[PDB]
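Colleague: Each chain is listed here by its residues.
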Amino acid sequence: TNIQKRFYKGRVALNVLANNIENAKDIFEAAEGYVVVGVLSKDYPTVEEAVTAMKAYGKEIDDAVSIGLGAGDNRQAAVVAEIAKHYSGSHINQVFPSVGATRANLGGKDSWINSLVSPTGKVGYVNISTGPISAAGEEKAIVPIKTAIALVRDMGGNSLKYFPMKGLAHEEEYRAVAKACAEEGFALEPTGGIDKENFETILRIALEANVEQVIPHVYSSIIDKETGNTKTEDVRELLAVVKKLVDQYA
Amino acid sequence: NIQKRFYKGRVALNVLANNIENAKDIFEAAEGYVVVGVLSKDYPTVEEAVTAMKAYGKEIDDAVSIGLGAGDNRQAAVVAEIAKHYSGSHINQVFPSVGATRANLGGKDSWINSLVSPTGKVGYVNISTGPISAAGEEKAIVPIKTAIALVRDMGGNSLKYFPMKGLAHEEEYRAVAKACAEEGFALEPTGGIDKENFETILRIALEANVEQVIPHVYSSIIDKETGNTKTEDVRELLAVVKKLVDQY
Ligand SMILES: [Cl-]
Ligand SMILES: [Cl-]
Ligand SMILES: [Cl-]
Ligand code: NA
Ligand code: NA
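Chains as they are written, first to last, in full-length UniProt numbering: chain A, 2 to 251; chain B, 3 to 250.
These are calculated hints, taken from the structure and not from any lab test. Hints should not be assumed to be uniformly reliable.
Derived list of chain A stretches under chain B, where covered just means 3 residues or more per stretch with a C-beta under 8 Å from a C-beta of chain B [said to hold, decoys possible]:
(1) 104-117
(2) 121-135
(3) 150-161
If you want the footprint, here are the derived chain B segments under chain A, 3+ residues with CB under 8 Å [as the list claims (entries may be wrong)]:
(4) 41-47
(5) 93-103
For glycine and all other residues, C-beta sits at the position ideal for the given N, C-alpha and C.
Chain A extracted, bound-state conformation:
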């Protein structure tokens, strides 16, 4: 239930980063609450300090916090799993092999956990070897999308975080991932190189494929280079695209 509040008409929630709590509140207002706001484990020197900060953000934005690795950094996977013992947020970014530990560490508390799987250059197949040791291996586990989804479900995850997309560089692969998610009744979180000019196309592919729940991640493309703040005018623009598309695909 908890992240469910964040989906516009039950279909699409935004995931964007915040610079600080004041930027997080401004983002949450700009998105009319249809957002989870990323706070990165790597921005704090200890688990305790991350938990304190994340709780403080959550107090302000209805716990609509997305616990981040930081650009999918697998060096933070164990830290994120540990944070989950102490704070659930609404949404957790995790690498594929760490999903099970993260779900277990929630101790039955409600949260939504994504699973990072990657493009392969082979339509229909994703790379699930996205943990520290698995990413260093001489061969990767390159598997059919639906087999990855079933494993994620068994591990306690709620969606595929499909990363790094490089915008539309892997469009044919992405369309196959969206179709597989729709077949499996599973959620999809497209991430990497999404900007204001490609956001509509990327979201439309998922909705056209009848993916039920989509969480697009939009990071540096909407961050002011000078202040480090995520731009609220940009969040408002993204929300307007979300409403336009979701209303169409209703």
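Based on the hints, put chain B with the ligands in the right spot on chain A.
Modeller: For chain B with the ligands alone, coordinates are given in the frame of chain A:
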């Protein structure tokens, strides 16, 4: 803690117990070089399994192997929960539940295996061994070493290679043993192992130089009338273990 159970650091038996008395007799017959299986599915709830398993453990130096029950993947969630309360010495788990089980140990020391399966494709294992993944019409079929790396990322200690159907998948098993030896990872051959093929199955793993091997021997050594695992059979298996380990 399981390290005490490996004969000369190389081989521990895994066999089932009918009851605590049979567990005690097995532990004596194997001279402690065994972890004794107690099945989660024999108890209706996690709490009842934990209570039972703790009592077995008090009698046999906590040399308990927590079981799914012939790899019943419906028990994966149960075994992951049991691990919050009791570690035993050894835990049987399906591939996608290894991480949850390690996390649930909360830092307690225990050894967790990962069930992966033959595929008919030498060099490749089926990792889709949880309830939802095994229900899929296709499986995730991956190179052995890729499965090992994933199990390591999840906090597992070995591959449980099941169901072997004895030596029906011998070529595939030889490749698994070679890969485990090359990567310094442990191996637990299971399924259809009996007194007749035990030596060959164990020899393959030791010849390949797998460092730690836990062969599982279940119904083939159980008295059909009483249900007790036979101590004379456990003694016979241990004799094979010592003969082979002394050699390799
Ligand atoms: Cl990217
Ligand atoms: Cl089992
Ligand atoms: Cl078998
Ligand atoms: Na992240
Ligand atoms: Na090497």
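Colleague: Would you mind marking each hint as holding or not holding in the structure?
Modeller: Hint check results:
{"no.": "1", "hint": "104-117", "verdict": "holds (count 3)"}
{"no.": "2", "hint": "121-135", "verdict": "holds (count 6)"}
{"no.": "3", "hint": "150-161", "verdict": "holds (count 6)"}
{"no.": "4", "hint": "41-47", "verdict": "violated (count 0)"}
{"no.": "5", "hint": "93-103", "verdict": "holds (count 8)"}
Hint 4 from the list above is the single one not met by this structure.
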